[PDB]
Amino acid sequence: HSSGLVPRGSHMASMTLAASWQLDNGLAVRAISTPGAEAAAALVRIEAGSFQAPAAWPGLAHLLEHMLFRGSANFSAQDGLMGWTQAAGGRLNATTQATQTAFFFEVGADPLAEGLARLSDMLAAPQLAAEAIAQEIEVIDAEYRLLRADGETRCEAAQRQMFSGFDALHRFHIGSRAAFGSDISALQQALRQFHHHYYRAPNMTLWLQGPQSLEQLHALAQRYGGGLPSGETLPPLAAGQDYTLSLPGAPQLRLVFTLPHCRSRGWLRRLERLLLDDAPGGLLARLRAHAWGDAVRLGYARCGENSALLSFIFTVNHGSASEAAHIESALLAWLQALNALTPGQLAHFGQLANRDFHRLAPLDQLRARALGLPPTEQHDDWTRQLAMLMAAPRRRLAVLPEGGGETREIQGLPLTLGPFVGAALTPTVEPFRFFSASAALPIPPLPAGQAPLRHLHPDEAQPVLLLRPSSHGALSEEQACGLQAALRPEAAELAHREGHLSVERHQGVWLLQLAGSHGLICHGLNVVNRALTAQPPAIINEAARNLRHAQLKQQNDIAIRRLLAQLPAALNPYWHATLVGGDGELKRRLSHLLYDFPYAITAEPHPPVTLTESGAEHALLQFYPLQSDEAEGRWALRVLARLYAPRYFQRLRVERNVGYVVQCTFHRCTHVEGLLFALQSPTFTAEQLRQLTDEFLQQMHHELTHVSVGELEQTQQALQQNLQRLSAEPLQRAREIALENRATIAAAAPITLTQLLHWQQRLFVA
Amino acid sequence: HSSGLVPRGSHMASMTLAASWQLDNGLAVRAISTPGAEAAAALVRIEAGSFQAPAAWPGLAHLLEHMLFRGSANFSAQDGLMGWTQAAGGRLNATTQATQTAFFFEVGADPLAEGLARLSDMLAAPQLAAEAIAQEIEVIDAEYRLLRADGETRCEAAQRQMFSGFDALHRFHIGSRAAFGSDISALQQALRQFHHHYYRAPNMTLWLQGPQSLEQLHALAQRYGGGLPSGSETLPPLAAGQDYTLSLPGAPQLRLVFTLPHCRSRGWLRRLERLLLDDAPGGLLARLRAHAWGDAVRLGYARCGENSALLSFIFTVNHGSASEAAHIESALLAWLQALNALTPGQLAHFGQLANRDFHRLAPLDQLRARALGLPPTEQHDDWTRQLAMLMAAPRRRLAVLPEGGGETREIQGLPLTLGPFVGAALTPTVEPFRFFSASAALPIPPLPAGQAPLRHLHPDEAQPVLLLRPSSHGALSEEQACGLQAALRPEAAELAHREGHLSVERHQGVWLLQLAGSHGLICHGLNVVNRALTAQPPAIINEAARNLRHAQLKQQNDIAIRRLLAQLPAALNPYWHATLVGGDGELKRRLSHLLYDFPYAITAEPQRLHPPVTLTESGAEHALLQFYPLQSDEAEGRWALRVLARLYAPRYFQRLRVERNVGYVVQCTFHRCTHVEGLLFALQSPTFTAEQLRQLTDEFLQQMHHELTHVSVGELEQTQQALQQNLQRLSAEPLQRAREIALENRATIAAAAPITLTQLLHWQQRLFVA
Ligand SMILES: [Zn+2]
Ligand SMILES: [Zn+2]
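Chains as they are written, first to last, in PDB author numbering: chain B, -13 to 217, 223 to 563, 570 to 602, 609 to 769; chain A, -13 to 218, 223 to 563, 570 to 603, 607 to 769.
Distance ranges between label pairs, derived from CB positions: (1) A:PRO422 <-> B:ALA230: 43 to 49 Å; (2) A:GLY290 <-> B:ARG424: 41 to 47 Å; (3) B:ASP96 <-> A:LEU351: 29 to 35 Å; (4) B:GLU732 <-> A:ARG445: 40 to 46 Å; (5) B:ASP96 <-> A:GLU582: 17 to 23 Å; (6) A:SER255 <-> B:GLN545: 46 to 52 Å; (7) B:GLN545 <-> A:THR374: 52 to 58 Å; (8) A:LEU351 <-> B:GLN175: 54 to 60 Å; (9) B:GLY22 <-> A:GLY464: 42 to 48 Å; (10) B:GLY22 <-> A:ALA428: 27 to 33 Å; (11) A:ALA560 <-> B:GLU732: 51 to 57 Å; (12) A:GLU633 <-> B:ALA430: 53 to 59 Å.
To be clear, the hints were calculated from the coordinates, so they are not data collected in a lab.
By construction, the Cβ of each residue, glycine as well, lies at the ideal position given by its N, Cα and C atoms.
Hey, can you work out the whole structure from these sequences and the hints?
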């Protein structure tokens, strides 16, 4: 027995903390305190969506969402949450779904009260000015014309067509000039009645997440949540027909199960993490090995208080009938396999799934809690969930370029629906297998040869190896897809051992990234050399299907995103290697193992771009790069961006309705920093958009002289506060050290308006 | 629809992360990364306890637990975990339970690998030397004789007597000179078969928690957990038997014991506990106190086998009459039925409140809870099914009274005076319980015209804390203190739901009223403190009297060395002083006005030396307790004291506990008592006398008088660099952080650091020669 008498002084860990409340008005509150965090975020969810709009007002809810950003009893639209977030360099978005609606933002810690002040106000007392309604009728009709051509929007309408239950399921919900009406006065009282009936506190939930303490978060809830007003069932979905949908693009198989909507939905996040696992033995490895398919994602959509659709969305290869039957047969057997997961496997994959979640940004964590997949809990009723789903009614949507039927107006969208030509399911008897025990990491042999290696922040912890091609074009598009296909099994294995391996584009720059312990990078780099040398023909084929899918996906994007895709190639055989962290002996063993990397490793040693599109949509992407390498410039470009961005949006989006995409931002692309302008319009031509951007630049030429030195100091403090702090997670942190060089920049701060005005004109005149 | 094109680049929040693995060898690993934490901790739990010892070797497990801290293949007892935790100033302990055993430590972050090295080595390859066995038989037999006088040990033996199911339940498990026997080489073969059978990786779970990344913790778990043995039993559930009355000195108790399946999710028990211990009006404690049926409760949970547990509700009662016991059971059953009605919002509020108390624990204690106690709550845990499982479970009653009849008998090697349970009838229907649901806004209190003084450190800084403390030790009686607690305890629980804090607690000898929260909250709470504390109804003064007598009886039934620590503040020695630590000038000034109506005169804080204190006990236990106060209050002084204590602490332990078994309690530690800092020595022995123990401490101070000059400058530089890192950090929680600022003065203590040997020994002189 212990020989101690008095306990040693003890200091608590200071971890994440949660708390739940119900205000006296009926608002539910969920606070999450994350000490030390950079960002704070908030989200209000309302229990009403599209399905709750009156049958006579299609898209009423969509319109209400737009209009809440158009001014409230204590804030005009500019001083409201939209304009305040933009000045602040925050994030902000909202979503109207079938049965629920949500509004949410992300800012720095301190200005949280001001943000909730405005979120609370727009939710409680929107102006709903007839004049604003008139404007947003046009904005939605534009979004409606654009949505008539969107693959996902039409896929989701098609999926709902596979089920029945109630009228709203198959209604039009986007809205349109036709549907909103000529009587702007009767539209505005429909809005007021919807808002008055559903935007009550007993019908809302507020999530709060920031570095603030639970006590500070409670007070903000009481203060801003207390100022919301105080004061009906859908039947469940029944399975109908399978279908085929004809759409341009890579073919899909979407298996859609109709499920009850349970309170405990974290199991679905663990299911997602297993479904998306690339490891050998899993579902994706099997589909690729047989060239049945290449990717999957999970859709979950609540359709009512006790009714939901869960959709497994496969990108497939041939789109043939026997392909679909093999895929569905594989999914049902894999779901069976998941019954055998041991407690340790459920915990391992469950907490793997939750750390994918904790790595999202606050805004996106709150989104997932409110409308997406919650965090996993280790004592859910896993096998009871599994048995619910495998028995749930399920229908199949094949999406194909040629599919049959003729186009038809369904839910206000053009849907070409034809019968599903299915083959018989053939039992999948081959066993699936999943990670369980992690063995000791092999110790690779070192080559005698040796390649050059940059080593930064030596002998610091959490080492990261970054391998990148010399330039844009030193690695081809088809080679990347070959890299990703071959390393995908192995990166999955490394993720269980807590290593990271990825091959991804980061701001136009292909990076191979390797991180973990010292053993992990050594073993992993060895695995990379072998996986990429003798490439079996499955993986060449898969790489060719992935590239085809990537091309088809691009041709079917909206033009402004397609123009952004085209920016890297408009701005422009050896690789470079940089190790960030780790000791000297790590640097040297990696030096040897890099010699067996299949590509030679060498040691590391633009005028404005205008892109346009014409036709059914008009788009302008203007990139004004900074020619210099100076610290004072790259600082000024960021201060300029921050001052320009809210002005650009307010002038061209809210005042004049130039189009649905309106954005001026700082952007880095293939190591070139510069200012980005983006516009896409249904009416104005690309050249008309370039004219209005030039007009905005001329405006800024004379307006920034007059910026209150109050506004400038607050802007240069705010951006030095965002920027001096390197990232937490070491992959983002390793790029910021090796590539972006955030450190050297807040160095040149602050500066005078004379120096800023100087950098302005150097940037936007020839 | 959104008008953006490119995503704004964002940084993740750097929160807590968790991961689980299984090594090739079968070890389960559960990691928790706590970025920025000061401490790291590790626990290994082994699926074997006392019930698993062979019937022929009473106490084999207890001995194995003692003998694993006596050296292993790569580490002596001094270089091993015990001595190494002592050096680095960390925490260490172990527990053998009915069917499970755990070893765990807590240290600073960086040296975690060193501790895993030692922990791994002692779990895998203990020496188990005969000379140390025979030596440890003595320590345990002394622990046996002491435990035959422990109230809780005997209570836990009586509870098992109310159940049946398998032989080990009622066996003797402490061990004794008698039970261990004279054939020491046969004892050593028994240990080693026990170890070699149960101490293998497939039977072990490793918990690690620190500021390290998940990838680092994973690497450490591989390195040290992979060096554990490889290569790969049930007990039947428990039947209810008899109720009992157990006769023991001390405040009467009632213990209601439910026999349960041992399920895999037990976090619902932590929510039940948060509800059980809630002082709010409408709940269970408030009802017992309003009727003077009893004054406290706690929850016990004991795994007994793979699908058998005992859950025990342990009430400190008032009178202990048959009628009182039946009122308390009637209330508990009604209350458990009340918890059925909790809404999902109430389940989420109390479950997360519960987890917040879990997260206030130190790393070491979180790991203990996970492995052996109440895990964290999960918000979708079939609450009503587990409540329905509990309300349908067989249950038995143990009244514990100072005189209960029957006559002593030897049961589980313990003296137990079991009597029949005198049982009244339940009260057929009884009043409804109610629980917090909605939080209304907080009342704004009105100011008085008067005004009081109030310092104000760290102005206009967030998370303010109001500390009211009496002027000295005799400014508030141990009677009024118990009356303050009884009047605020209701009001403190309600502020806890709104996330403020209100406490009247003794902090290192200093009574302290603490209030923390928003500015609105402190004002409201301070106003409530005044109203609740002005006029106390006889109910509240009775409650205080019951609580005072309970404190007295607990004290005079504790182990001697603990009773002497309780006397140290008295042996060292009516207005109040007001401090605010954070907040506006307007907070300070309105607080200033609201303090005028504090029923005790507040004054401004004013601005001597104490000889050493020797406390002693003689009788069946012999205990000595010496506090050598530092008599100045210079910085270099209050630093040197902390260096010495760090240097002394393992030396005191290695010589007196290990090298000479001088007793089962042995400790040298810096200590701080009613504002006096100093060095504290504590010893308790079943053979040496208090004056003989004083002699070894006298002797020990001379060894360091000479030996201290000869300390490797690297060990001193190292000792001051670990001291300085830990000390310069101010606490996370704002209350501790408030005390450290406004009382302890932690910042100043390290201003003087480092120090050279000449004034370290200069300070050692003043402390002990005078
Ligand atoms: Zn012991
Ligand atoms: Zn829209």
